[PDB]
Amino acid sequence: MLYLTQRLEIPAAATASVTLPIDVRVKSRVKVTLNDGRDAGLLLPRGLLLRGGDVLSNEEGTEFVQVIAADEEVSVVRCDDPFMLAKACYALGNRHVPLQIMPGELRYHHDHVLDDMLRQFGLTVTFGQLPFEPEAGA
Amino acid sequence: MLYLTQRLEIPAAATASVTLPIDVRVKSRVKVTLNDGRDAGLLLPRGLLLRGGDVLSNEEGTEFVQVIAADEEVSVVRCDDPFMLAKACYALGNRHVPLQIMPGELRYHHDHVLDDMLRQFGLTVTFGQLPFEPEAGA
Amino acid sequence: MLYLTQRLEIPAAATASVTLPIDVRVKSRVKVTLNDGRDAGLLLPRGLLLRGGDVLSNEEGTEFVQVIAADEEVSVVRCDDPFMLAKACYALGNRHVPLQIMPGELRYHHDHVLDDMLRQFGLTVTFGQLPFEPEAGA
Amino acid sequence: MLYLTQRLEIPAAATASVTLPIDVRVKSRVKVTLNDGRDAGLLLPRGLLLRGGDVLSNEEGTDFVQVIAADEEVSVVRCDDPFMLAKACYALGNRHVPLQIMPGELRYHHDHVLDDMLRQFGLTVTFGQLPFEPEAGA
Ligand SMILES: [Cu+2]
Ligand SMILES: [Cu+2]
Ligand SMILES: [Cu+2]
Ligand SMILES: [Cu+2]
Ligand SMILES: [Cu+2]
Ligand SMILES: [Cu+2]
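Heads up: the sequence lines are chains L, G, U and S, in that order. First residue of the first sequence: 345, per my numbering; consecutive thereafter. First residue of the second sequence: 345, per my numbering; consecutive thereafter. First residue of the third sequence: 345, per my numbering; consecutive thereafter. First residue of the fourth sequence: 983, per my numbering; consecutive thereafter.
Worth double-checking, as some hints may not be accurate.
Simulated restraints, written as ranges between beta carbons of each label pair [as the list claims (entries may be wrong)]:
no.: 1; chain 1: L; residue 1: 425; chain 2: G; residue 2: 417; range: 27 to 33 angstroms
no.: 2; chain 1: G; residue 1: 473; chain 2: U; residue 2: 463; range: 56 to 62 angstroms
no.: 3; chain 1: U; residue 1: 459; chain 2: S; residue 2: 1060; range: 18 to 24 angstroms
Here are the simulated DSSO-like cross-link-like pairs (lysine-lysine), alpha carbons at most 30 angstroms apart as the crow flies [what the hints assert, rightly or not]:
no.: 4; chain 1: G; residue 1: 431; chain 2: S; residue 2: 1069
no.: 5; chain 1: S; residue 1: 1069; chain 2: U; residue 2: 371
no.: 6; chain 1: G; residue 1: 431; chain 2: L; residue 2: 371
Since the hints were made in silico from the structure, they are not lab data. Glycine included, every Cβ here is placed at the ideal spot set by N, Cα and C.
So that you can see chain L by itself, here it is in the shape it has in the complex:
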């Protein structure tokens, strides 16, 4: 069976790819299915956060799988004013919410309670299936 046991520090041309959500990209052992249909198992050393772009390889060196971050149910928070986001980041941080941070934009795992809370800060909160890359730590 195809087992992906390593993440190459120096990539080699991809032979396959796999599109995974953040909850799977933090597991060291688990069964996933490549985008071409073949089953495969992750057998990586623990504590690795797989980011879109990383290349996994089988023990030998004949299979190089490109990791891609899947579209996940997230909440979006956009607003020209970064100061308001800064307060949102502090609030979300205080609640330990895995968060993606980019100039002008913020996303986090869909959660109604969180949505409405920020919906009292006056913040604009939408929803959509998008790639999710939270800041390291979870």
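Following the hints, position chains G, U and S with the ligands against chain L.
Here is chains G, U and S with the ligands on its own, set in the frame of chain L:
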């Protein structure tokens, strides 16, 4: 003496003041001294946070006192890029560090550990004795 | 002709690849040959350093090209004792030599003058055709 | 008086000593004061680096003076990870910063600016007053 038991919904006519730190403004029961030499006991309603500028009054509503936030030893963080202050606010939010958030500036109780950490983010941290008003929702 | 005009901040499943040496990966305008033969031209914003793993795409977003570091002539310096490697790293930095640093191995463009110098430090310098990813400081 | 014209490749019976910062230990023609009060004049061949512990002498070959490295203001980078130190050596090497290298620790003329740059590297940088013997090669 004079008893302060309520906060007027509308900042009335001061005519006296009292300087208090963040740890005393998060109290409902406490005996203080007005900047004018008189003594007054604070008997405020539970579930409250006194902010600088606030105006306290007695029950019969015939006396008014203005609250002034005291100076405190804080680490100061100033930066031009709102993106970086956001990342800092999140990391600080995660450590449950009470924090005063402002456009382009952060303030928290002086801490060398937190200081070096933010320095690793390329932020420049300094020291100062300043009024500290940390976010209510923290 | 096919033109690659950008590096997505978020990789997408690659539909092709391109294997280039460090000197080319630092350019913004240059013609190249993808691994499937279809020639293509780079039209990227100046200032970028293409790293193995990056994904390039056009404007339409229908083509995604993965960059792979090409084998190049390099001097190979292997040595267990890290301490001695640190002294070589310092000496090479001093001479502004672009250097790849990994535990137990350093790599730089094949150069005899530098090969004889390190040899006097008691280092064993060999040769090879390998991927070269130097630190972003040269 | 006494004129020190040479460093012995054959240690002798040092009578007195002189404490100097690397600053003065690079000069071949400087007037110093032994720790006993007597003056001495260094007239050594050019291009010499006096190490704490060397012994100087007069043209005669009669008297001797031990060199001691003085305490200087230095930054300290103590990291148990040899891999990270090597990278630090490289960056510092690129900036032509005189550096003392040891397993687990690095030292160089204290410098806040330079310290912060190394902090962004994820390294811990402390301060000290210690002898300073930077690599001769630089
Ligand atoms: Cu929902
Ligand atoms: Cu907590
Ligand atoms: Cu301090
Ligand atoms: Cu050769
Ligand atoms: Cu230079
Ligand atoms: Cu200092």
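Here is what the structure says about each hint:
1. L/425 - G/417: 27 to 33 angstroms: 30 angstroms, holds
2. G/473 - U/463: 56 to 62 angstroms: 59 angstroms, holds
3. U/459 - S/1060: 18 to 24 angstroms: 33 angstroms, violated
4. G/431 - S/1069: 26 angstroms, holds
5. S/1069 - U/371: Roughly 25 angstroms between the alpha carbons, so the hint for residue 1069 of chain S and residue 371 of chain U holds.
6. G/431 - L/371: 25 angstroms, holds
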